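Visitor: Okay, here's what each chain looks like letter by letter:
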Amino acid sequence: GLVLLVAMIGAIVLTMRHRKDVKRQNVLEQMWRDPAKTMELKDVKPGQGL
Amino acid sequence: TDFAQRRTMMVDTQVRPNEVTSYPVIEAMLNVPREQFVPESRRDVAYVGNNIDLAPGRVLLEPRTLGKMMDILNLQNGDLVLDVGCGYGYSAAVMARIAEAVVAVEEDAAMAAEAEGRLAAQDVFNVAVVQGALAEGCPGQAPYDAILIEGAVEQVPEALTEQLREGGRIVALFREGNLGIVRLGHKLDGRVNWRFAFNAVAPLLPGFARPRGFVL
Amino acid sequence: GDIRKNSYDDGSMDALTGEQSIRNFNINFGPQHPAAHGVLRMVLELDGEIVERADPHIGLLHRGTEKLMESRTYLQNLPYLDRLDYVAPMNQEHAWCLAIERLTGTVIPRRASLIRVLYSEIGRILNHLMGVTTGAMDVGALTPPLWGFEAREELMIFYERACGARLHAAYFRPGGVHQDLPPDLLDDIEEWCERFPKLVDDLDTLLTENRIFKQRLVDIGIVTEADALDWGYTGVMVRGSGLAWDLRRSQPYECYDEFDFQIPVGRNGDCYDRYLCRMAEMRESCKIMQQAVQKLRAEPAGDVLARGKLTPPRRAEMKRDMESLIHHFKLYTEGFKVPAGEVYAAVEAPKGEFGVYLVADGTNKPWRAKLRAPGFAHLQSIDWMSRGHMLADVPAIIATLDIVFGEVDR
Amino acid sequence: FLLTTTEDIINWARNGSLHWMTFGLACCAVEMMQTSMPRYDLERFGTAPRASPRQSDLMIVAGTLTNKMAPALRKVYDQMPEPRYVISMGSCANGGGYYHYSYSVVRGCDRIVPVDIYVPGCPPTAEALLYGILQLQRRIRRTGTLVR
Amino acid sequence: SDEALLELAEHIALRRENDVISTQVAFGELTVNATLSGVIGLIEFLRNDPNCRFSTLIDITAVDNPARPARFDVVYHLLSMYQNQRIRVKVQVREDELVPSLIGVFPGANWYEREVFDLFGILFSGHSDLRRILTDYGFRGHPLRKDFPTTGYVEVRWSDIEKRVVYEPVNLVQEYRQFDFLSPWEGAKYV
Ligand code: SF4
Ligand SMILES: [Ca+2]
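Residue numbers (my numbering), protein chains in the order written: chain D, 70 to 119; chain E, 3 to 218; chain Z, 3 to 412; chain X, 47 to 194; chain G, 3 to 193.
A portion of the hints provided could be inaccurate.
Straight-line C-alpha distance at most 27 Å; calculated BS3-like pairs for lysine-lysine [what the hints assert, rightly or not]:
#	chain 1	residue 1	chain 2	residue 2
1	D	92	Z	7
2	X	121	G	165
3	Z	311	Z	332
4	D	106	Z	332
5	Z	321	D	89
6	Z	7	D	111
7	G	92	Z	311
8	E	189	G	148
9	D	114	Z	289
10	Z	311	Z	339
11	Z	339	D	106
12	Z	339	G	165
13	G	165	Z	332
14	D	111	Z	311
15	Z	200	Z	332
16	Z	339	G	92
17	Z	321	Z	311
18	Z	321	Z	332
19	Z	200	Z	311
20	G	191	Z	339
21	D	114	D	92
22	D	111	Z	289
23	G	165	G	92
24	Z	339	Z	321
25	D	114	Z	332
Please keep in mind that the hints were generated in silico from the structure rather than gathered at the bench.
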């Protein structure tokens, strides 16, 4: 078990790195997105812009 | 101007997607500055996907045409290449990065002198610019492994195709009215046999027109 | 805004990254590709399936519509509009009619105005059903398109019963609409409107709170207000980011003022928000269809075309009265003349702002007809939008932009 | 007899398992899609879509073929294993249609690939296309052999 | 909106006197004719100025006028969602004259200028990626010029000899028919 642990530590110590320039999503935050909160209907009067 | 970004974009979007796979050609086109080989007034449009006008009736071919033209010649490190109508020498500089040596023939003393100056300023040393009529070629240094004609022709004179080595390749753009066909020729048993390569257009070179007289 | 040279959180620089990039992973994404709509050749540069460059090659459906329009009369050019954003053809016809009506200073009858609103909202549902359910198919959901396209089938039958064609109606005309609607057709549209919200619930039950659907759309293709202004975004592409801009309200046309509907907007401006906005818009369009049918029934009988010097007479008059026969003969051969001038007439098409820039010169044919497709501006931004995402996200991003290439290429 | 009844079995299998490439060019593709939707359910005939030409027996040219697109259509047709059948759907593919006199349009897809059936309309209705597919099946039954 | 557009046109003419040649309000739309040398500066002012906040580029196109010394018009359509107004900017361009690129202001101008270059042959200076966008690869000519034929010059066919799709000169089984319906009577303009 310790021989296998040393392999776990070594592989991560030697090689781990992450691109910091790509787009990432937090899966739990994706699943928490509430449709009721993220979309809403607006009463826009005629002739009215932003 | 960031000509490096424009050069990379030209190769990515005008050369790679047009069936140009030869990496020597892609490497060469990514490195030879196109704007250094155009008249000063055309410098900002050096990387546009069109023929650049050099002199009346003479152009610097569009990047797609040249990329595909060089890709099918399939140049080797030991090749001696004849570049007919080199203009300011852009095409010769690109081929010089692949072939052993290039003999660039230009007919306008103004462009031939500018080609020498610009070729030297880019430290290109396996390109000799020879001044004379395009239809004659340069028979002094013949035979050549490959011949590239950098403008539309109606016929390629026998004198020009005799300077081609047996097994040599010649690529020319043929003009039939509004239609332009790039053909690839192979010298076999002394005869150059032409085959369709792809469709592209350019103005006719002076001296390559065909004999056209009265027909009832 | 350039990720081709990988940047790592440990600052490492690989030996190969030092060399100039000559041998890159380039792949043709389309034209023959289920997610490419048949005529998109997008060249993708991938790095471990990360999209580092997207280079859309378009024009594979360029047919020279704007050149062909210059040798035809204004009436002969009306069917060309059907075939641009061909998922909802009458909505595109509307811009052409509005431009001609503005230059000629023509007022269309009240009933024609109500019918135009009615069938414009049918087109919006026709488009949003296609967009939402084929967008679901792009992220692997097989069933939603089958349910949605059954409802589309019913709406295409309403098209055919109005004009005799399921898709390319040629129904909106300069001066109104070609023909009046049968009374039994209005009954059937009302009956369909009562069922439609049930399908929207069923699609919502299948997709909206599915965890897989959320993980394929939430925080994908995020658009900020500043991004919208870079790339000429219109329609749901701006509303998904929270800008309550809708041409039917900001720059009203036809009789939209007197209808009751709301503008859905998103808060995060991602693919999930734009999906919710389109689902909500489908509900709003159904309500408009219900109001329009009620107004049409409450209307007094009237004509659907302005007649006069702009449109042909009725066939019975044409066969009886000398003036009508002349106007029929002339308007079907020469057509009306449009006074010299230039206008840009825009509508809130289902895919965004669609406009016609019409240069008239006093003759019976347009001098120049420039067609402004919302998808042209939306597709141009795919390189910026897709940079940094994975290859699996590309079909979702193509879906969220709502591209039809009849209008991108023209 | 043996050989004719063998061809009948081959024609029966090929008609009952006619897989078409996922390939739609323009607004004819909208009606082609409706043909596979619940009202008509093209797949109930065994006529199912296939994304890859290597698994396709049938190409439906559904939309305008431009000059820029013509090489791509020819390529994927060339990559269909044999037998391969082609249906020309709609005016543009049949003869150029509304864009016949354009500078950028192929005046009929039979200038690029051989065609088995022409379906008229602009667009043909979903039912008209379904009729055209069944006419192709009659043609195969009438003339089908092991070659095609 | 007519008084509003005339007031807005004076504001632009005043603040950008040298850019603006003239303004017009016709059919409820404001058009600004600008010099070629000042078009980028003017469009930048229109984008950023408080009174006129034209932060959406609707499109760029060209119009061909062969009877005119400067045959081309380049037309910029801009929308303001915040002010809720539209404007058109027109510049006259001679054949072979270069037009400064708008991509510095609007990244989305990139494709519109490619389309103008493709269909009219107008080159833009300062363009990062200027190549044909709608016509076939290696297309000869600019189809939206009034002197380019509708059917063009060449057509494609699959050649069994070359095993390629090749170009050939156009041959029409039925020649294009161009009916001339226009009447010799203009009609009256009654007062
Ligand atoms: S034939 Fe008609 S419906 Fe079919 S693609 Fe052509 S224009 Fe569209
Ligand atoms: Ca990389």
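Visitor: Against this structure, judge whether each hint is valid.
Guide: Against the structure, the hints come out as follows:
1. 92/D / 7/Z: Given pair residue 92/D, residue 7/Z holds - Cα atoms ~15 Å apart, limit 27 Å.
2. 121/X / 165/G: holds (10 Å)
3. 311/Z / 332/Z: Holds, at roughly 10 Å.
4. 106/D / 332/Z: Distance ~59 Å between residue 106/D and residue 332/Z Cα, so the pair is violated.
5. 321/Z / 89/D: violated (77 Å)
6. 7/Z / 111/D: Roughly 44 Å between the alpha carbons, so the hint for residue 7/Z and residue 111/D is violated.
7. 92/G / 311/Z: Given that 27 Å is the threshold and the Cα spacing comes to 32 Å, the pair is violated.
8. 189/E / 148/G: This hinted pair is violated, its Cα atoms lying about 45 Å apart.
9. 114/D / 289/Z: Measuring from Cα to Cα gives roughly 17 Å; hence the hint holds.
10. 311/Z / 339/Z: holds (9 Å)
11. 339/Z / 106/D: The given pair, whose Cα atoms are some 53 Å apart, is violated under the 27 Å limit.
12. 339/Z / 165/G: Distance of about 50 Å is beyond 27 Å: violated.
13. 165/G / 332/Z: violated (51 Å)
14. 111/D / 311/Z: violated (42 Å)
15. 200/Z / 332/Z: violated (50 Å)
16. 339/Z / 92/G: It holds: about 25 Å lies between the C-alpha atoms, which stays within 27 Å.
17. 321/Z / 311/Z: holds (18 Å)
18. 321/Z / 332/Z: holds (15 Å)
19. 200/Z / 311/Z: Violated, at about 46 Å.
20. 191/G / 339/Z: At roughly 14 Å apart (the allowed maximum being 27 Å), residue 339/Z and residue 191/G satisfy the hint.
21. 114/D / 92/D: violated (38 Å)
22. 111/D / 289/Z: holds (15 Å)
23. 165/G / 92/G: Judged against 27 Å, a Cα distance of about 48 Å means the pair is violated.
24. 339/Z / 321/Z: The hint holds at about 24 Å.
25. 114/D / 332/Z: violated (43 Å)
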